[PDB]
Amino acid sequence: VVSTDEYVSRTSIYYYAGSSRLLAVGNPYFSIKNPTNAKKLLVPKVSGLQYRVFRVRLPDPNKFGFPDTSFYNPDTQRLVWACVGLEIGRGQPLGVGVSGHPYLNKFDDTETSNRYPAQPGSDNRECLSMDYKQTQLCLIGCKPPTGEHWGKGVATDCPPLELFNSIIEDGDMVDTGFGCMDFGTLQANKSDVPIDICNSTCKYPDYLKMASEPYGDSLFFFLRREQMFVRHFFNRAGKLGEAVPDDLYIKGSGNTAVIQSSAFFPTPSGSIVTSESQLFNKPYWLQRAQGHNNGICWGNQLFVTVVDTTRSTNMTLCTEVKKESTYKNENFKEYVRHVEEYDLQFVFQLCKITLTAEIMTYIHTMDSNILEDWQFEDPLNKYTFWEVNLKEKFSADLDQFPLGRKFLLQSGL
Amino acid sequence: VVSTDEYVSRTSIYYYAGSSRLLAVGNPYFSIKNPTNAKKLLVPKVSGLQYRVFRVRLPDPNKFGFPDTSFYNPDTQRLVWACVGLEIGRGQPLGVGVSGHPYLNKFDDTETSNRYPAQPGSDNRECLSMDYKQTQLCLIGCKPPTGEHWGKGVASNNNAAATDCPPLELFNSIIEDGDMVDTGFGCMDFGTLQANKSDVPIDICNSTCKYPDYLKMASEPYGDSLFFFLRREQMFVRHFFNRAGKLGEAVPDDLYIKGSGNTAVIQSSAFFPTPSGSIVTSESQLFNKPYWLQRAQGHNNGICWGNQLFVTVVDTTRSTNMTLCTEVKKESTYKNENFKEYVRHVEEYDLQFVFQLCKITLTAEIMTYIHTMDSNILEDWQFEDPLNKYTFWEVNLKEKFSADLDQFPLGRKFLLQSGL
Amino acid sequence: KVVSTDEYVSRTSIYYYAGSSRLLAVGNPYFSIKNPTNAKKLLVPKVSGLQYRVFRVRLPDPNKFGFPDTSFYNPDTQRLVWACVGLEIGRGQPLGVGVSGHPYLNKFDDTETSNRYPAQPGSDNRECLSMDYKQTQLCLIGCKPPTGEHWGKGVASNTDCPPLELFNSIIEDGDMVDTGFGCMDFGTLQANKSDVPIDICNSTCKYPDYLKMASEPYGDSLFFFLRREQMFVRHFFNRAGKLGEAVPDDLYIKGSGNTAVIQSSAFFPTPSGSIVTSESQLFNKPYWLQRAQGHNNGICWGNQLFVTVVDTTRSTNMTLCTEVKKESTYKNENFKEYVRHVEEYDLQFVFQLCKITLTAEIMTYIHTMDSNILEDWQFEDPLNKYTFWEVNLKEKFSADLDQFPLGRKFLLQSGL
Amino acid sequence: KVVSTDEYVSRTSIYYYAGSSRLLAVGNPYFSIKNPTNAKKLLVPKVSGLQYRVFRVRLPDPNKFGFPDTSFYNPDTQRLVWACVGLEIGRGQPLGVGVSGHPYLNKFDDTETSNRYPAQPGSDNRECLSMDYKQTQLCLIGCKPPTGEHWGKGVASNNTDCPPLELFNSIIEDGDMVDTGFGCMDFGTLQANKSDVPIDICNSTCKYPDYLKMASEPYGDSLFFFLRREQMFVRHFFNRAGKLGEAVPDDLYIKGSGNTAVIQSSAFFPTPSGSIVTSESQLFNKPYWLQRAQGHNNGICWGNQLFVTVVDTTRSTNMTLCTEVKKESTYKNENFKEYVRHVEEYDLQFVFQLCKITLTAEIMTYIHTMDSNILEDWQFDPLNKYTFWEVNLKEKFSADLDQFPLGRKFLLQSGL
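Residue numbers (the entry's author numbering), protein chains in the order written: chain B, 21 to 175, 183 to 403, 437 to 473; chain A, 21 to 403, 437 to 473; chain C, 20 to 177, 183 to 403, 437 to 473; chain D, 20 to 178, 183 to 403, 438 to 473.
In isolation and in its complexed conformation, chain B is listed as follows:
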């Protein structure tokens, strides 16, 4: 495997493309179905802790209406776009939202005072909330990102754990402080984590697997910033599945004869968000990727993956059902909505490849579909991505646009 600087010839033709305003509005905890088809969403789940995986569609340069095609020979060459600049615009103010569970499996507060004897009832769940771990990240490539999470493996009665790799889809949940796991399958009570992840799979980017792939199509460039601390200390209700061994304590008696549950769990906190720590609203110049793919958008497509918990503010909405002169709780309905604002901006460089017998063999082994589409079913359609169609958004006047002006100053053109 060689670099795309040894067989992809760079041209001096640059183009701008922008997504304009992208908006997502919904409920941060769960979706609302249609009263006509359960399997049809009326209000989608939109949360600051969701992955935003943008599948960016580029116009086929081999079919693009260039005013002058004398810069290459279609009899022996084909064209492909190379990403050289990107800025992920983010609207809405900085803030933090909270998530919780009306029946959170919290038993005792194990921070300062939890004396014996225990109070174990058949149902001791509580209505608690918390602020999740703070995470910012962005990934760029011509291949959808690869995530990792823990699920139920193959066969103590503890469920076997297996690390699964999967494509991170738009709407997938990021880790929140409880790990990257399938809460739906590994926590059968549905009450050990808040409702917005309790029946979901939280995925973490498999940076090691994506960095080590031979061609490097997944990670042209990435930034990441995670932070959390332990805010509170609780324990779980229910039978402890793995008792503390006898060599770890001296047995109690009387009021201490019934040992309490050592199934502790912490609540996370993402602490403060600040403008100075933002990874977004600034341009990334994709000059030299660490992998062998230096920003070449094979197949005329690009994947933009974003996590931004720094704007997770959840808005409170309230409606007046009955107008009365004195306040009565039964007169109002409370709702929670969350929004996300994106503005994706790109700078692309047109490239040509002379398809010699050596390069055709190299490209065929790398991806046979590349040569077929060049004229020289899509397995990615089973996944869910936020598609960004830039086929009609390419402009050669980079100065008219913000990111384009930044690009001309950076490159000296």
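No wet-lab data here; the hints were simulated from the structure. Be aware that a few hints might be false.
[As the list claims (entries may be wrong)] Label-pair restraints from in silico Cβ distances:
(1) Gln314/B to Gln254/D: 55 to 63 Å
(2) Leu469/B to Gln317/D: 30 to 38 Å
(3) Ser304/B to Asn441/C: 32 to 40 Å
[Said to hold, decoys possible] Each computed BS3-like pair below joins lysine-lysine, with the alpha-carbon atoms no more than 30 Å apart:
(4) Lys278/C to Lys236/D
(5) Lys172/A to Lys172/B
(6) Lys309/D to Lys236/D
(7) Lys266/B to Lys355/C
(8) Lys172/B to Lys266/B
(9) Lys60/A to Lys266/B
(10) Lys53/B to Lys355/A
(11) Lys172/A to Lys278/C
(12) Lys53/A to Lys59/B
(13) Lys53/A to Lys172/B
(14) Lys350/C to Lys278/B
Just so you know, even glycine gets a beta-carbon here, dropped at the ideal spot from N, CA and C.
With the hints as your guide, set chains A, C and D onto chain B.
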């Protein structure tokens, strides 16, 4: 007595080696037997507060299949690998786990309100938890690291009168894989020095917490222990408690005026704090970035004697403990007796190395130096292993060495950095 | 009239290394325990992270040292002296924080959020509370022991508040640093012995008088120093006991009924040293003593040097527990609890050999500065009344800076 | 037309050191203690870390100074003036935080988490609370006393009864209180209950430096140089007792009923906290080189005087003193008296540059417009009504800068 840069000749031959994905899955608090008798683990001990001591096995370059061996003469020279690049990959998200004890010897909260008289009873232990001190460190050498801890000393004199506090002795020992790092209660043998086994959480209460004896390892003559190291520790006091039980050393009378009535019975001044490692951040990460071992501070400039390498890692920044829950009986209403709760912790590593081939001409002056330094070097060169009693995470790279540095991530980083 | 030690101390190219090896202190962080048999001999010494470590480092007399070649100076007209050019204060043990308290702490009400009227005052309302002290790092190096400051009882002259006087004194090994309650003689100025935790309540906390030591003419006290202090207020309490200075009537409108009896305005805070981090460490790194701010540029007169260290970042107090009676069920009456604290030091030095030609002009200058210099050169010791941690390096000098760690760091820095 | 004093003040190569030596202030951090009769006789002065320290530094008149060689200028056409080129504000005492409170603080309910209806009934619900103030470090240097700002009671209304507010400018005097987190205001006049803020400011005027006015003055005599560092956060949330003077309008809420019919007071107020003090954030104990001022006066000490204004809350530690009235074998509160004391330690160090001015007809006209007193004092006090800490350096000037710490720093910095 001198540096290994004038008798270790550097070549332009470089090789990459990677461990691929390494996973450990187990219980963060204790191991579980299989059973089928003891000494057979069903759930191994895996904790974010454990030392990860990787014994990396390299192929013997004197027996390695180089495509061209005309670069040295085996009649008078021997080959050895030199580490010039390293990146410790870390999977799993950043996070913090908690540890506790269902019978922690905590009596009163001594922070704001603890009025007289005290209410002491034969058993006042409580089910409390805490988040430990945060610690990141990575040590590199061709010799396993040496740790320090406090243990029980020698019975000594004044068996009577005097004080019956156990004698303390500072012990040095090899840090083994799975050993516990200090957590905020010190580097001591909790199993022997805390006989009630209720003063610290269960994951260390019958364990020995070890801290790297940096001063001893830096001062060793040849410098085989620490080619390179990074460290980052932080903690603050989260809560203030005191111990139950008889106070072994009473407060002297010249430090207070005696009480009376309800304050006549003095409370115990055996205080102890709970630690907290505060926040973990990506900006403070020591891992997932390359270390270029250009110039060691010691006399061993990255020469992997014995064709092996030791990478010791502590990383509490990914100590998240996962909660698992199984449904024993499916019913329409929630009942606690219908579920079993479990706690699991995982660790993901991916060790990446770049090595530089080196040759040593065995003159009488160099043979004298190598034999005095370590006679086994010449014997293994032909010109049992006392470390087998210890427990290490072995990483076998004998079949993983590749000369195509551009194909691999760290290799590409090495070529760009060195300008090759 | 004071000149610099660069105008009359000739530098040589001869360097020597010396190291103290492992230095350990093990004891109780709150108090010492005397031997019943010997009132002047100790069974458990007081060892605490809030203590000054004042090392009196003894150097070999270079005028009698066994140099392999002594053709570099003339003993008929010259004398030798060591100059310190490099230092690293090694610190063992992990980073951590210890706590101090008082079983009868004079705390009445928590005055932070809720302290309603009327007050409930009683003849004994002391409590068993603890706290974490102010965090302090410092290192002082010179050929003279450091000068500290603290507040004590002044002279009684014509309110019954004790008169205050700021005293200067030599900081001795084992002296307590200020903990957040100030640099004062708690034994004399706090007669109830319950206003601060027990580890300082009968002690004198001293703060380094940087201004006095920096301004002294010859500059023997501070060749070099580093310092890092930090604290915030964790809790707010008030004192029990009679208020000595009542609030004047022009500062409030009088209460009545349940508010007629004014509560005590003798407030006091609890300190907190906050977090310790590796990035803020002052130790385990070399200090190059190239150019002192004073006129003494690291010349170790009298073949000795004083290193004063405070390091509260490793103040962890270890809990020890012994089993008196082994039973199948846990009973408190079967165990004894103890507290121990330890400190580990490793002092490393690089010295530069110096020669001084004793002209008529220089002999007069040295005689005025310190007559003992010429007398000891042959051309009782008042510091023995003080207590220092003695570090004897007379047999530890080596000219082979190669194998030793700080020497290698020095060779890289100096380019040799 | 204001020009710079680099176009008409000729610089000489004559430099002088001057130091105040150790300055100490000892008193009560909450209030001064007068005589039991005499209005203006102080027994214990008010000394607080939240006070302005405004030093009026007196320099010797260089036109009458005994220079060893006076051949450097011509008195027939020239006059002399001192220029400040170096300054170090030495600070003794340890870093720490003090607390202030009020035994009858007008706090009603804790409005942070739980303040359910109904309101609690009571003609007097004040509480004994304390707090740590906003943290403030600053230093101001000039030849004119600094100008502060504060809010007081304005002029009357032509017919809500809220007192009218007016922003007042005034000279900051030594001992004046800085803002503490409750604003720069005349608490004595604007808070008539004397219970809304702690006692050390409840009958005081808190002033903030009018940086904008002093920066905008034409000649720039107020600010040769300044540093400032402020920080605070909200620690707790309370409300005031007493009638709410301005009711919440009806369009901002739906009226309550039954248990919620009587609205609680929305007159909230927070308690401040200055958070942690650290050595790394210190503004003092370091030299300031006054090379090029932003104003037109580049450090010219007109009138042979200098003003140093300092606020430093990082050493606000209040010491607890306790006296034993009756010595008994058991602790009894009625046997002890509790006191609170605060101290401040200063060491002002200066390097001055001698300057000459050729008094042409154009310059005499320019200086007369600037300040007629300059030429009158040259033979070519309205500030006495104010209270300053007088520092007489007339006999403290020395030409041997190397003998002194800050002087050595000046020679090292300038390369002389």
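Do the hints match the structure? See the list:
1. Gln314/B to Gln254/D: 55 to 63 Å: violated (40 Å)
2. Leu469/B to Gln317/D: 30 to 38 Å: holds (32 Å)
3. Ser304/B to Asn441/C: 32 to 40 Å: violated (58 Å)
4. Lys278/C to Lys236/D: violated (41 Å)
5. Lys172/A to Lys172/B: With a Cα-Cα distance of about 45 Å, the restraint between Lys172/A and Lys172/B is violated, given a limit of 30 Å.
6. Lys309/D to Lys236/D: holds (27 Å)
7. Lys266/B to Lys355/C: holds (27 Å)
8. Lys172/B to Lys266/B: holds (20 Å)
9. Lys60/A to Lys266/B: holds (25 Å)
10. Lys53/B to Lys355/A: holds (29 Å)
11. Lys172/A to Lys278/C: Distance of about 63 Å is beyond 30 Å: violated.
12. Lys53/A to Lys59/B: Violated. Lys53/A to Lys59/B sits at ~47 Å, over the 30 Å cutoff.
13. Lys53/A to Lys172/B: holds (22 Å)
14. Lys350/C to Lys278/B: Between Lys350/C and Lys278/B the Cα gap is close to 12 Å, so the pair holds against 30 Å.
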